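Please take these sequences and the hints and turn them into a complete structure.
Residues per chain are reported as follows:
2 protein chains.
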Amino acid sequence: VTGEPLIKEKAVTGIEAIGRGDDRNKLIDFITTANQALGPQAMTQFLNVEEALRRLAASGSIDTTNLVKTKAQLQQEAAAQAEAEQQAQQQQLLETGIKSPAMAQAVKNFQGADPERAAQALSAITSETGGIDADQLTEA
Amino acid sequence: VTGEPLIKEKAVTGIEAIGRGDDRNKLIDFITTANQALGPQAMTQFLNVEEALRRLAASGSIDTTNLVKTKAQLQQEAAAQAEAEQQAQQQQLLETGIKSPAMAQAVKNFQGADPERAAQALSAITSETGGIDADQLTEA
Numbered sequence: 425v426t427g428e429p430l431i432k433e434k435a436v437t438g439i440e441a442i443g444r445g446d447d448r449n450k451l452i453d454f455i456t457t458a459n460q461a462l463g464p465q466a467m468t469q470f471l472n473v474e475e476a477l478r479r480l481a482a483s484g485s486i487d488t489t490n491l492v493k494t495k496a497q498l499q500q501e502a503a504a505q506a507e508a509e510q511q512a513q514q515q516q517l518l519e520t521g522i523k524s525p526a527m528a529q530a531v532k533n534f535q536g537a538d539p540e541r542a543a544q545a546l547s548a549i550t551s552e553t554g555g556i557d558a559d560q561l562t563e564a
Numbered sequence: 425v426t427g428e429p430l431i432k433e434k435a436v437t438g439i440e441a442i443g444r445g446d447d448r449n450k451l452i453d454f455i456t457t458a459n460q461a462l463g464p465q466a467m468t469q470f471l472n473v474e475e476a477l478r479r480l481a482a483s484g485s486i487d488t489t490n491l492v493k494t495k496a497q498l499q500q501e502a503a504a505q506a507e508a509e510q511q512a513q514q515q516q517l518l519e520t521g522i523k524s525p526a527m528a529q530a531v532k533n534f535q536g537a538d539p540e541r542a543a544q545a546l547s548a549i550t551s552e553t554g555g556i557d558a559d560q561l562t563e564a
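Taken in order, these protein sequences are the chains called T and S.
Read in order, the letters of the first sequence are residues 425 to 564 in the authors' numbering.
Read in order, the letters of the second sequence are residues 425 to 564 in the authors' numbering.
Keep in mind that the hints were calculated from the coordinates and are not lab data.
Incorrect hints may have been included.
In this list, chains with the same sequence are indistinguishable; a pair is considered to hold if it fits within one copy or across any two.
[What the hints assert, rightly or not] Keeping only pairs whose Cα atoms sit at most 30 Å apart, straight-line, the calculated BS3-like set for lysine-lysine is:
no., residue 1, residue 2
1, 523, 434
2, 495, 434
3, 450, 432
4, 432, 493
5, 532, 432
6, 495, 532
7, 434, 450
8, 495, 432
9, 450, 532
10, 434, 493
11, 523, 493
Structure (structure tokens):
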């Protein structure tokens, strides 16, 4: 609109220079007084807990990261953790926790008594159910 | 009604400027004295616990969010947690939880004893119950 630079300047002299730290202390003391008044239940909806790992490390120079678990790395590790817990959940016990080897004995009966009759009876069992390719059964 | 601007201007001089912080201190002291008089049972129906993460963060400039698990984000994560605990409730054990492999033996018998008579038997099972599409059985 005007052409003036988007950033301007300011001069600090005397008590202002001495008490810029006092201004910081005023902000922090307001935050701390709010935390005292409200407690752990403060942490919801007015005054930010101001989250000190990333940006103030980049404030006053210096960069981010290093100790900072980056949002990308944090998401990757969360996904890995979720996959590990799902691996825990998949076949959760089962192979031994299941009641009794009735399926093992039934497999014994399939293989023993006329394997072709076992195949046609397994086809009947997969007819009780469906919607699954039998070509996926031969990839286990 | 009048045409006057909806916001006016004030002037603060001297002890008023020195003790606006005292005004804040008096408000917080009232809150703290009420909390002392009533305790954690106070937290119910007169004086707000004032919830410090979101808005007083936006007070004195600065935006919301950042740490704030937004109401949308909180609802999304609560829904995900609810679905996860439902999945925990969904199929609670069962594969290992059932008492004895009687229906496993039943599956073997349907496999073994006249699979067509077994299919008529499963139709009779769906007759002792009902109102379920048999076409949903073939999507497992």
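Now the hints, each set against the structure:
1. 523 / 434: neither (78 Å within a copy, 80 Å between copies)
2. 495 / 434: Neither. Shortest intra-copy (36 Å) and inter-copy (39 Å) distances fail the 30 Å Cα cut-off.
3. 450 / 432: both (25 Å within a copy, 27 Å between copies)
4. 432 / 493: For residue 432 and residue 493, neither the intra-copy (35 Å) nor the inter-copy (35 Å) Cα distance is at most 30 Å.
5. 532 / 432: The answer is neither: 85 Å in one copy and 84 Å across copies each exceed 30 Å.
6. 495 / 532: neither (52 Å within a copy, 52 Å between copies)
7. 434 / 450: Answer is both: 21 Å inside a copy and 23 Å across each meet the 30 Å cutoff.
8. 495 / 432: neither (33 Å within a copy, 37 Å between copies)
9. 450 / 532: neither (79 Å within a copy, 77 Å between copies)
10. 434 / 493: neither (36 Å within a copy, 36 Å between copies)
11. 523 / 493: Close neither inside one copy (44 Å) nor across copies (44 Å); limit 30 Å.
Of the numbered hints listed earlier, those contradicted by the structure are 1, 2, 4, 5, 6, 8, 9, 10 and 11.
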